[PDB]
Structure formats: structure tokens, C-alpha cells
Amino acid sequence: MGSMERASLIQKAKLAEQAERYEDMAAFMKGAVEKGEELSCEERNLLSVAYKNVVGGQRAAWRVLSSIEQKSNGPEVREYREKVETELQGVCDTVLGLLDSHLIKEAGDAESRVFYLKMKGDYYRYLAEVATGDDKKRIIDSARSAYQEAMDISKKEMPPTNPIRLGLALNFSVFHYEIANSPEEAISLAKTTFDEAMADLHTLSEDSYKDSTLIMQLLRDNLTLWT
Amino acid sequence: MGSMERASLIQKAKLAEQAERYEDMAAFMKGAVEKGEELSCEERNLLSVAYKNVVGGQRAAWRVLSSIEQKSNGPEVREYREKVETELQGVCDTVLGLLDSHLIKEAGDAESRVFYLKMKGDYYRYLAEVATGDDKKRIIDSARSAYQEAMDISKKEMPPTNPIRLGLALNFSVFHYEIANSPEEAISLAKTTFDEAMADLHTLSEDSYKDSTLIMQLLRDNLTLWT
Amino acid sequence: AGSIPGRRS
Amino acid sequence: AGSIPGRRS
Ligand SMILES: *Cc1ccc(S(=O)(=O)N2CCCN(C)CC2)cc1
Ligand SMILES: *Cc1ccc(S(=O)(=O)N2CCCN(C)CC2)cc1
Ligand SMILES: [Cl-]
Ligand SMILES: [Cl-]
Ligand SMILES: [Mg+2]
Ligand SMILES: [Mg+2]
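Residue numbers (my numbering), protein chains in the order written: chain A, 1 to 227; chain B, 1001 to 1227; chain C, 2001 to 2009; chain D, 3001 to 3009.
Any given hint might turn out to be false.
Unchecked claim - Partner residues are not named here, just some residues of chain A that face chain B (Cβ under 7 angstroms, in silico): (1) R21; (2) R59; (3) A61; (4) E76.
As the list claims (entries may be wrong) - Mimicking DSSO-like on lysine-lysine, the simulated pairs with C-alpha atoms at most 30 angstroms apart in a straight line are: (5) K83(A) to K1035(B); (6) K137(A) to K71(A); (7) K14(A) to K30(A); (8) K83(A) to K1083(B); (9) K83(A) to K1030(B); (10) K1083(B) to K14(A); (11) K35(A) to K1083(B); (12) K30(A) to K1071(B); (13) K71(A) to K136(A).
Unchecked claim - Ranges between beta-carbon positions, derived for each pair: (14) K137(A) to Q1217(B): 55 to 65 angstroms; (15) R2007(C) to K210(A): 45 to 55 angstroms; (16) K14(A) to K1014(B): 44 to 54 angstroms; (17) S2009(C) to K1071(B): 36 to 46 angstroms; (18) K1014(B) to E34(A): 32 to 42 angstroms; (19) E1037(B) to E42(A): 35 to 45 angstroms.
The hints are simulated quantities; they were obtained by calculation from the structure and are not laboratory data. We put the CB at the ideal spot given by N, CA and C, even for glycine.
Only chain A is shown next, with the shape it has when bound in the complex:
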């Protein structure tokens, strides 16, 4: 997208969201990142929403095909599952590449750095969901390491109700439960996060209260299912 203006790529990403054209949205936001400038809060959210939709569709498809393939055990189901898996891995590698070149290294504020490291944990987590080979343990550790650095910054630099801090803790708890086979760590993280947020709600405006309590409810929903 090298010939399109940065501002035009951002505008088109917003239009693509309205049109539910998420592959386009992701391509526009990739182009915007490759302009080399840091991203504002709104622009980071556009990048994240675009790729979460793209990879979300791939993950749903991979799960359908993996289920059919497990029940089957011709080559067609495995071949097609492998095709979808390779496309998913390609998208995760693209996002991880944007974070490494060069979003994270230029992110100095806690809000941007935590945001990108949470992304890095999520996309390694999506790689781990499909991994089976010599590097599967290394993929899991890469997710853990990214989430852990994000957690360390967020506890030092953000209030316990900050929505990015809350969503990071939610996703790290899912990592523990679903990927790392650590359900007790998942439950403890979700409970401690919820309780520390509850105790900080009194400091918030009405709008911030709504933002924080929405994610707190997601923490409670997981706790209900896990306990």
C-alpha cells in the first residue's frame, strides 16, 4: 500500500470495518504501520480489531476442520486443515512481524507498550493452538514471555481498572487455562484481577466505570465456568 497516503489508509480501514471487509481492513492497517510512524490509541485499536477478525475466522475454520479430521481417525480433510493452518500461521507471522518491525521497540509509553506486548502474547497463543512440532514448547514460552512483560509493566504503570490491563489479565488467564495446562494459575489470576479492579471502581467516572466493569464481567464469566 506504499502509494497510498497514511491518512487515506486509516480512513479506508474505518470504512472496511463498517463494510465488514476485515481482510481489507487488515491490509489497510498493515500499510499504515509500514509508513513507519507510531500509532495513536485509535489506530492501535483499528490494527488489533482488523487482525482479530481475520485470525478469528481462520481459528473458527481450523477448529471445524480439526474436529472433522479427528472424527475421521481420503487425504482431503487433513489437506484442507493444513491449508487453513498455514494461512493462519501466515497471518500470525505478519502481525508478529509488524510488532517486531518496529512497533514494540518504538513504544515507550506504558499504554502503547502494554498494548503491543499483549498483541504479541495473543498471536503466539494462536500459533500455539495449532502447534505440534519441535518448536511448540518455544511458541508457548514466547507467548508467556510477552504476556509476562506486559503484566509487569501494567502492574507498575496502570491502575487496576485500566481496560488494557484488565484485558491483558483476561487473555493471560486464558493462556494459562487453555495453553499452559495451569487452571489454578488461570483462576488465581482472574480472581485477583477482578478483586483489585472492584476495589478501584470508586475512583472512576461513569464512562470509565462502564469500560472497566464490562471486562470484569468477562473475568467473572470465566471464573464461573472454571470453578
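Position chains B, C and D with the ligands relative to chain A; hints supplied.
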């Protein structure tokens, strides 16, 4: 898809449907058509479902962007609407090309020939929805001509409750209402189709009755909105 | 005005 | 177990 077996392309199209990967589904069915053999009833339905999903998403996106563009009257909204429009036209041209090379000319039974001519009317209708230039009247006439030939065959060769005959009449009535600016023709076609089907229901099994009455309800739904 | 949905086999 | 949906801006 020239290196993949016909049967494998069909199997993968069914898997792609289950995975909601409609672009893949359409590519697999295009490959199957290009093997050169005629399509069975089930295979024709797979081809139709794949492309209706692909073009349905494009049409929904085009409508969102066209609405934003009309309200706006920078170049970005028009540019992006034009991009989506060109992609939609490309898909319609691909389907029309498959019908012309060589599905229709080898379709000798009424069920297959009516099916493909209905498709031809639908894809010219989708072209007409976005057309604005020197050939817009010719696009509309191409849709009308395809639907009319399908109608003529269906009235001679199929009972009034045949689901393909019913769906053809439904879509031709939508053509009259939405494209040809002939609401009275649309209403008359929908009413006559519904009444002639009603009078033939007594001949059907329970399963055929369900198939026919489902489409009859779509005819009634349009009549309710149009009258 | 609705055409055949036609989106599920 | 639900992560952040994260699919609408
Ligand atoms: C990973 C993550 C965490 C929080 C959120 S949010 O709360 O939906 N969000 C996005 C913009 C809205 N803003 C007001 C609060 C932060 C999304 C994703
Ligand atoms: C254009 C059109 C017309 C009818 C139908 S259907 O009734 O849904 N159909 C598809 C296969 C099922 N079969 C039993 C009846 C015919 C779809 C599209
Ligand atoms: Cl910086
Ligand atoms: Cl033939
Ligand atoms: Mg510039
Ligand atoms: Mg062969």
C-alpha cells in the same frame, strides 16, 4: 485447481461450506466445473451456494459504502466503493463465464437448464444493481432474457410446485420490482406463482410439501411488503 | 423485497 | 473460556 481430482474438489467444497470459507468453496467449485463434466443436482447447488455467499458479502459491502458515499455528497469513499464494485463485477463475470463455457450449452434436462439460466439472470441482476453507464440497459435486458427463457422452460416442463420453478419466479419478481421498475408485473408474477403452487400442493409428499411451501412463504412475504 | 437466500446447501 | 472478543472498534 487443475492438479486436484474432481471428487476431491467437491469434497473440499463441502468442507469449506462447513468451515464457512465461502471464497475457498467458490474456488473449489470453479475448479470442479472446469474439469469439463456436467454437474449433478447436488454439485449445481454447491456451485450456487458458494457464489451466492461470496457475491452476497460483496453486495452488502457495496451497499454500505454506496450509502456512505451518497451521504458524503476526500476521494477515499468513492475509491473504496469502486474497488469493491470492481471485485463484485469480477465475481459475476466469473460465474457468467462458467455458465457460458460451457454449463448452459451442455444442459439438456429441464432441471439443469432452468437452474443455470436462473443463475445467469441472478448474476446479470447483480451487475445491474451497480451499473450506471452505456451498457446498463443491456445488462438489464440480459438478466430479463435469461430469466424469461428459464420461465418459458419451467412452465412447459415442471409442475407449479417445483422448488426451482418457484425460486426462479421469486427472483424474477424481485428483478421486476427492484431493477425493471415494474412493481405491478412483480406483484402479478408473485400472486400467480403462489396461487398455482397452492393448487398443486395436494399432489406432493410431506417432504416435497415442505420444500414448496417454504418458497411460497417467501412469495407471500414479498407480496405483503409490496401491497 | 427478498430473493432466494440461497446461502446454505 | 473466553478471551477479549476484540472484534469491534
Ligand atoms: C485486549 C483489549 C483490552 C481492552 C479492550 S476495550 O475495553 O474494549 N478498549 C478498546 C477501546 C475503548 N476504550 C474505551 C477502552 C479500551 C479491547 C481489547
Ligand atoms: C434458486 C433456488 C430455488 C430453490 C432452492 S431450494 O428449495 O432451497 N433447493 C435446493 C436443494 C434442496 N432441494 C430439496 C430443493 C431445491 C434454492 C435456490
Ligand atoms: Cl516512542
Ligand atoms: Cl447434457
Ligand atoms: Mg504522506
Ligand atoms: Mg481425474
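Here is what the structure says about each hint:
For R21(A), the interface hint holds, the least distance from its beta-carbon to any beta-carbon of chain B being 5 angstroms, beneath 7 angstroms. Using the Cβ-Cβ criterion of 7 angstroms, the hint placing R59(A) at the interface with chain B is not satisfied: the shortest such distance is roughly 11 angstroms. Given hint, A61(A) at the interface with chain B, holds; its Cβ is 4 angstroms from that chain's nearest Cβ, closer than 7 angstroms. For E76(A), the suggested interface contact is upheld, since its CB lies about 5 angstroms from the closest CB of chain B, less than 7 angstroms.
The straight-line distance between the Cα atoms of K83(A) and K1035(B) is roughly 22 angstroms, inside the 30 angstroms bound, and the hint therefore holds. Taking the CA atoms of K137(A) and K71(A), the gap is near 26 angstroms; set against the 30 angstroms cutoff, the hint holds. Between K14(A) and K30(A), the direct Cα distance comes to roughly 13 angstroms. Compliance with the 30 angstroms bound is thereby established for this hinted pair. Restraint check for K83(A) and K1083(B): satisfied, since their Cα atoms lie roughly 27 angstroms apart, inside the 30 angstroms limit.
Under the criterion of a C-alpha separation no larger than 30 angstroms, the hint pairing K83(A) with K1030(B) is consistent with the structure, at around 18 angstroms. The hinted pair formed by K1083(B) and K14(A) meets the criterion: a straight-line CA distance of about 15 angstroms does not exceed 30 angstroms. Between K35(A) and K1083(B), the direct Cα distance comes to roughly 22 angstroms. Compliance with the 30 angstroms bound is thereby established for this hinted pair. Between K30(A) and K1071(B), the direct Cα distance comes to roughly 28 angstroms. Compliance with the 30 angstroms bound is thereby established for this hinted pair.
A hinted pair counts as satisfied when its Cα atoms are at most 30 angstroms apart, and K71(A) with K136(A) qualifies at roughly 24 angstroms. At about 56 angstroms, the beta-carbon gap between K137(A) and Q1217(B) stays in the expected band of 55 to 65 angstroms. The hint said 45 to 55 angstroms for the Cβ distance between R2007(C) and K210(A), and at roughly 36 angstroms that hint is violated. For the hinted restraint 44 to 54 angstroms between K14(A) and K1014(B), the CB-CB distance of approximately 36 angstroms leaves it violated.
The given range of 36 to 46 angstroms is respected by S2009(C) and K1071(B), whose C-beta atoms sit roughly 37 angstroms from each other. Look at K1014(B) against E34(A): about 38 angstroms separates their beta carbons, and that is inside 32 to 42 angstroms. Roughly 53 angstroms separates the CB atoms of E1037(B) and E42(A), a value that falls outside the hinted 35 to 45 angstroms.
In summary, the numbered hints that this structure violates are 2, 15, 16 and 19.
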